[PDB]
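**Q** All chains should be built: construct the whole structure from the sequences, respecting the hints.
Now for the letters of each chain:
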Amino acid sequence: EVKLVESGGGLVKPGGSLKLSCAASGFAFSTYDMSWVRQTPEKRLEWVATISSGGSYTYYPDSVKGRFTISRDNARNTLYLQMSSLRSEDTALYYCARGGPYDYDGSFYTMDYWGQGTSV
Amino acid sequence: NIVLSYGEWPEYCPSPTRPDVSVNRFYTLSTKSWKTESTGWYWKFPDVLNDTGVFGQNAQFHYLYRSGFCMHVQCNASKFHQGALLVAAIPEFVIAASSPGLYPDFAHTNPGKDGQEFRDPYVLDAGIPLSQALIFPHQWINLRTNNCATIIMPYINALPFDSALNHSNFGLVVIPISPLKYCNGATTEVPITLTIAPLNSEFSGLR
Amino acid sequence: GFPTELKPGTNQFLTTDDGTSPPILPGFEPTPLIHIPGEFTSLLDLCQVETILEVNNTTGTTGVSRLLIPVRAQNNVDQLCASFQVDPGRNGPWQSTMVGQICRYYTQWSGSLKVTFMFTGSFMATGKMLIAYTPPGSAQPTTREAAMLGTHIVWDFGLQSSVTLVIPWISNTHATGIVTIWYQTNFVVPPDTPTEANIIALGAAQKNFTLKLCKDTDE
Amino acid sequence: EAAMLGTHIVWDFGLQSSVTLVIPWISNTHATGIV
Amino acid sequence: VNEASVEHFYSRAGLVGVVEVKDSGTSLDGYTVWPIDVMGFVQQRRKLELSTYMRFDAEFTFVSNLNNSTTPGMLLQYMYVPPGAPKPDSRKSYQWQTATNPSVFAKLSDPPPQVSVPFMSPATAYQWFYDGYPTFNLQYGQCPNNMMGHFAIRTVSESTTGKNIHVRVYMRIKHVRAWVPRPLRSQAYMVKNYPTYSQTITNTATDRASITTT
Amino acid sequence: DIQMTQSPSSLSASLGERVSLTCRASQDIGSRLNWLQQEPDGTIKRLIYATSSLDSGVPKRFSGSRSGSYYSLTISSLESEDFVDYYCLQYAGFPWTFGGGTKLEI
Numbered sequence: 001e002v003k004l005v006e007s008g009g010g011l012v013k014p015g016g017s018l019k020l021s022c023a024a025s026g027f028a029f030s031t032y033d034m035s036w037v038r039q040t041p042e043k044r045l046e047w048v049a050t051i052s053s054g055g056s057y058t059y060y061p062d063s064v065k066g067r068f069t070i071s072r073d074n075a076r077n078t079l080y081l082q083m084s085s086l087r088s089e090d091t092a093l094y095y096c097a098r099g100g101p102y103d104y105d106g107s108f109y110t111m112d113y114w115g116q117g118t119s120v
Numbered sequence: 001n002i003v004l005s006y007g008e009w010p011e012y013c014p015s016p017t018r019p020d021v022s023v024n025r026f027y028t029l030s031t032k033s034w035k036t037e038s039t040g041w042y043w044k045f046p047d048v049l050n051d052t053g054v055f056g057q058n059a060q061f062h063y064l065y066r067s068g069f070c071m072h073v074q075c076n077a078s079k080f081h082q083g084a085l086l087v088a089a090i091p092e093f094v095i096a097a098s099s100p101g102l103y104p105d106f107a108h109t110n111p112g113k114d115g116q117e118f119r120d121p122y123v124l125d126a127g128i129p130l131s132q133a134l135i136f137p138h139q140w141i142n143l144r145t146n147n148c149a150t151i152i153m154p155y156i157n158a159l160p161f162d163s164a165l166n167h168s169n170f171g172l173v174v175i176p177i178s179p180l181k182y183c184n185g186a187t188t189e190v191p192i193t194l195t196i197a198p199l200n201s202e203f204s205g206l207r
Numbered sequence: 001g002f003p004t005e006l007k008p009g010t011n012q013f014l015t016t017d018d019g020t021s022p023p024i025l026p027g028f029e030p031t032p033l034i035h036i037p038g039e040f041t042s043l044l045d046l047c048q049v050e051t052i053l054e055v056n057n058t059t060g061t062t063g064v065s066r067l068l069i070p071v072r073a074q075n076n077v078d079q080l081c082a083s084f085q086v087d088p089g090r091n092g093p094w095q096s097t098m099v100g101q102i103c104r105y106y107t108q109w110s111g112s113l114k115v116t117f118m119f120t121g122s123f124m125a126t127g128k129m130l131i132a133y134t135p136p137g138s139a140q141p142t143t144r145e146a147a148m149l150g151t152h153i154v155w156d157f158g159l160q161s162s163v164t165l166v167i168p169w170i171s172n173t174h175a176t177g178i179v180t181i182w183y184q185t186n187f188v189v190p191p192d193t194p195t196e197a198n199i200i201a202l203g204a205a206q207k208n209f210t211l212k213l214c215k216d217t218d219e
Numbered sequence: 001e002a003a004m005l006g007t008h009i010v011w012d013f014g015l016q017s018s019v020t021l022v023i024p025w026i027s028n029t030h031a032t033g034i035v
Numbered sequence: 001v002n003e004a005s006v007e008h009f010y011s012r013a014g015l016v017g018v019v020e021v022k023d024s025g026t027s028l029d030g031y032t033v034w035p036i037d038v039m040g041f042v043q044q045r046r047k048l049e050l051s052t053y054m055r056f057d058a059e060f061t062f063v064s065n066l067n068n069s070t071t072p073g074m075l076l077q078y079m080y081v082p083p084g085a086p087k088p089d090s091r092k093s094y095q096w097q098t099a100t101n102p103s104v105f106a107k108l109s110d111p112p113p114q115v116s117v118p119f120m121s122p123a124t125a126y127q128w129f130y131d132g133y134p135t136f137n138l139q140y141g142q143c144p145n146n147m148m149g150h151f152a153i154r155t156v157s158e159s160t161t162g163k164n165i166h167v168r169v170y171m172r173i174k175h176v177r178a179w180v181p182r183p184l185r186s187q188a189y190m191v192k193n194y195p196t197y198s199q200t201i202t203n204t205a206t207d208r209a210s211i212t213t214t
Numbered sequence: 001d002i003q004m005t006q007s008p009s010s011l012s013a014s015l016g017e018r019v020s021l022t023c024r025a026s027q028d029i030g031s032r033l034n035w036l037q038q039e040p041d042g043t044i045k046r047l048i049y050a051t052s053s054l055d056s057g058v059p060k061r062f063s064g065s066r067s068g069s070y071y072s073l074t075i076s077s078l079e080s081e082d083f084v085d086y087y088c089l090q091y092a093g094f095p096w097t098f099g100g101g102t103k104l105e106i
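Chains as they are written, first to last, in our numbering: chain A, 1 to 120; chain B, 1 to 207; chain C, 1 to 219; chain D, 1 to 35; chain E, 1 to 214; chain F, 1 to 106.
Derived by calculation from the structure, the hints in this document are not laboratory data.
Ideal Cβ positions, reconstructed from N, Cα and C, are used throughout, including at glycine.
Check each hint, because a few of them may be wrong.
DEER-style ranges, computed between Cβ atoms [claimed, not checked]:
{"#": "1", "chain 1": "F", "residue 1": "26", "chain 2": "C", "residue 2": "190", "range": "43 to 51 Å"}
{"#": "2", "chain 1": "A", "residue 1": "77", "chain 2": "F", "residue 2": "5", "range": "32 to 40 Å"}
{"#": "3", "chain 1": "F", "residue 1": "3", "chain 2": "A", "residue 2": "71", "range": "26 to 34 Å"}
Covered by chain A, according to a simulated footprint, are these stretches of chain B (three or more residues, beta-carbon under 8 Å) [claimed, not checked]:
{"#": "4", "segment": "35–41"}
{"#": "5", "segment": "174–180"}
{"#": "6", "segment": "183–190"}
No more than 27 Å apart at the CA atoms, straight line, and that leaves these computed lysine-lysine pairs for BS3-like [as the list claims (entries may be wrong)]:
{"#": "7", "chain 1": "E", "residue 1": "47", "chain 2": "C", "residue 2": "215"}
{"#": "8", "chain 1": "E", "residue 1": "174", "chain 2": "E", "residue 2": "192"}
{"#": "9", "chain 1": "F", "residue 1": "45", "chain 2": "A", "residue 2": "3"}
{"#": "10", "chain 1": "F", "residue 1": "103", "chain 2": "A", "residue 2": "43"}
{"#": "11", "chain 1": "C", "residue 1": "114", "chain 2": "E", "residue 2": "47"}
{"#": "12", "chain 1": "C", "residue 1": "7", "chain 2": "E", "residue 2": "107"}
{"#": "13", "chain 1": "A", "residue 1": "19", "chain 2": "A", "residue 2": "65"}
{"#": "14", "chain 1": "C", "residue 1": "128", "chain 2": "B", "residue 2": "79"}
{"#": "15", "chain 1": "E", "residue 1": "47", "chain 2": "C", "residue 2": "207"}
{"#": "16", "chain 1": "F", "residue 1": "60", "chain 2": "A", "residue 2": "3"}
{"#": "17", "chain 1": "F", "residue 1": "45", "chain 2": "A", "residue 2": "19"}
{"#": "18", "chain 1": "E", "residue 1": "192", "chain 2": "C", "residue 2": "215"}
{"#": "19", "chain 1": "C", "residue 1": "212", "chain 2": "E", "residue 2": "47"}
**A** What follows is the structure in structure tokens.
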């Protein structure tokens, strides 16, 4: 199964850094292009960030565009996401799932399997 | 299954230093990891050898030059691996910039013996579309049938002899059309090897 | 021939003419002609070379992923995989083929085409596909068992990894064929093998292709 | 890339499972090859 | 066949540049120099950029007239500055007399003058794509062996005449032989002399709703 | 962003009724619209991909459909374990926006 699990969240003062882990297994975490989705307190899932299938390309929406820094271990089977100087209205259940505009043979697993979601 | 470009073996210009199997050996460059996110690579024709062995001494310490090549690409892939490459030799491959700064960097027009990864392989980095790249000499690398592609390229230029450190005749592009895929528990980076062998080379204007 | 009267059409300049003119540099000896490899003397020989069709041309699909037809596992039998009209010179998947561009530099054309398909899945992956062609008269068939009674070729990509569908005739003078790819069987794989492959279509023009009335293009 | 410009043999063990590297000459009278 | 050949594909002489002999108002030049350029209009460029090496001689016609279509008796001089001769710099300039620069002395009210420029190139054929640097960023892919010359046009006068003369240069490609076909340019032409395109890629084929709809 | 949004912010039907939740896109998004089902507190599962095809495990009661600019989802007979939130997601507009919600009641 595509078993993804998010962990590493919690409270933090406005202005700082707080990473996030999406260590997943049960599937080849070296060919799928993953991404991060945020579920705000208003129950409105907004796109947060994405990462290519090899951790080389990245599309940052207007939500961060310079603040959040995604990555990909790809060897310890983990997914990173930075929260550098998070804004005030930035609390959400940061889900992580598959799907990415890269990986030409995509558009099929676009957020197919999801994680669990850790609060902040 | 050696695609003889334009049906012309490289030949000696009839009657210059004409080297032999000392320089006409098989230069095996470094391998390149083919991943799923991979976009492609390209190597210029004589620029890929201008700093490799004897050919790097005969090219820099001279003034005129002409030679064919025997580009030969192989992919050491498994049987549970899937994907497809398009290995084409592009005469007068001219790289273009991408304005939102107007001229290509020198690292992108003469990448050396490492090749430069494509930034927009859909347009071959030269405006022209990749879909029509098959009009050039080419050979498919489809991992389900074969993992080898040999291209024999003659000397294609206007003047008989030309410089070797300034004018790079063609460029061997290698672009994955169908991206690589594999289930968990496999070599996550199929290696791609490239072998070069100058054929019927000549030189003039020593030092 | 001393006395002559000027018949009409004098002092006129007709662009599309093969008249003569004086050489502005007599005696000049231009650079001689050395044998450069790879001369093409006809655009027909350029059309007959296979290039890729953007069969996946769809709103949203960007990049090179427009040249790929997704053949996946959980696509039940008799379902439809892809379809594209046979019209080299109308806006569609043929617009990225050497024929689809040259045919836009002309006004009329008529001949036979060909669409070579190529499977790019694992070696262990087996299955079967139905590739049916519909003449210009009819419309796109609605079911697999409706296209089997046509002009098709069943394709077992596990055995043979590439086929060719020769179009008999496509003439543009004044309602065009359709090619559909049907899931004949399922997509079966052994364990530890990806369950999503791609088909790559390549289009060309057979040796009976003709062009007429050259004209400018619409980019 | 420093040894490719020598006397080598590229070995694709997936295709051919055994090769031979013939040493040209090794004389001991008085500074030896390396593989 | 015989209508898709490369010899016919480049026929039917077309306008390669509209030059103007500004002579009235605040532009009392009286002359103008037009550097011979084939890739002046995108339509002709995209066609010429289908092949890599091409060899052809050209016939140039000059359809000149005033700015109200009237063709008076005004005399004109069409001087062909060869590839490597100094160009004129004024209405009254020594260059207008050099016997090595062939001139054509025709009037506005005469059949358009028609000359035939030969294949003027050091190399064997013209090179539209020259991968490499000349003069062994502002120099990549600029071959200097493609210059065909210059056409300097002036009204043979002493003082300012006060009449702008618009000239329409028409070029016909003869004896053409092309080499090494290339894919036709798909992206726009963001700048001349370079293959530079823009970031926002434009898909070659038009986008439909679904893959299975006709 | 294309801003594909669902019209019913909240609906209520019976255990044998046939709900019809829509998602009206603004620009041309093509057949690249998915449906994500969210538990009351758990993760978000997928129902439809490419607007038509069920997932590998989704029941037969769910089904997708397309109609111009009115991408919609319709459940067959509204069995149990359905009065949860619903979302529509498209991956054509590169910002990859979402809709609202269709939390069903009874």
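**Q** Does each hint hold? Answer for all of them.
**A** Right, here's what the structure says about each hint:
In this structure the supplied range 43 to 51 Å holds for residue 26 of chain F paired with residue 190 of chain C, their Cβ-Cβ distance being about 45 Å. Distance hint check for residue 77 of chain A and residue 5 of chain F: the Cβ-Cβ separation is about 36 Å, which falls inside the suggested range of 32 to 40 Å. Checking the proposed 26 to 34 Å range against residue 3 of chain F and residue 71 of chain A shows it holds: the Cβ atoms sit about 30 Å from each other. Given a C-beta distance limit of less than 8 Å, the hint that chain A covers the segment 35–41 of chain B holds, as 4 residues qualify and 3 suffice.
Given a C-beta distance limit of less than 8 Å, the hint that chain A covers the segment 174–180 of chain B holds, as 3 residues qualify and 3 suffice. Counting residues of the segment 183–190 of chain B whose CB lies closer than 8 Å to any CB of chain A gives 5, which reaches the minimum of 3, so the coverage claim holds. Of the supplied pair hints, the one linking residue 47 of chain E and residue 215 of chain C holds, its CA atoms being roughly 12 Å apart against a limit of 27 Å. For the given pair, residue 174 of chain E sits about 25 Å from residue 192 of chain E by alpha-carbon distance, which is consistent with the 27 Å threshold.
This hinted pair checks out: residue 45 of chain F and residue 3 of chain A have alpha carbons roughly 12 Å apart, not beyond 27 Å. Between residue 103 of chain F and residue 43 of chain A, the direct Cα distance comes to roughly 11 Å. Compliance with the 27 Å bound is thereby established for this hinted pair. Among the hinted pairs, residue 114 of chain C with residue 47 of chain E is consistent with the structure: their alpha-carbon atoms are about 25 Å apart, no more than 27 Å. For the suggested pair residue 7 of chain C and residue 107 of chain E, the alpha carbons sit about 23 Å apart, so the restraint of at most 27 Å is met.
For the hint pairing residue 19 of chain A with residue 65 of chain A, the CA-to-CA distance comes to about 16 Å; that is within 27 Å, so the pair holds. The hinted pair formed by residue 128 of chain C and residue 79 of chain B meets the criterion: a straight-line CA distance of about 20 Å does not exceed 27 Å. Pair hint residue 47 of chain E plus residue 207 of chain C holds up; C-alpha atoms about 23 Å apart against a cutoff of 27 Å. Under the criterion of a C-alpha separation no larger than 27 Å, the hint pairing residue 60 of chain F with residue 3 of chain A is consistent with the structure, at around 24 Å.
Taken as a hint, the residue 45 of chain F and residue 19 of chain A pair is honoured in the structure, with Cα atoms around 25 Å apart against an allowance of 27 Å. At roughly 24 Å between alpha-carbon atoms, residue 192 of chain E and residue 215 of chain C fall within 27 Å of each other, so this suggested pair holds. Taken as a hint, the residue 212 of chain C and residue 47 of chain E pair is honoured in the structure, with Cα atoms around 17 Å apart against an allowance of 27 Å.
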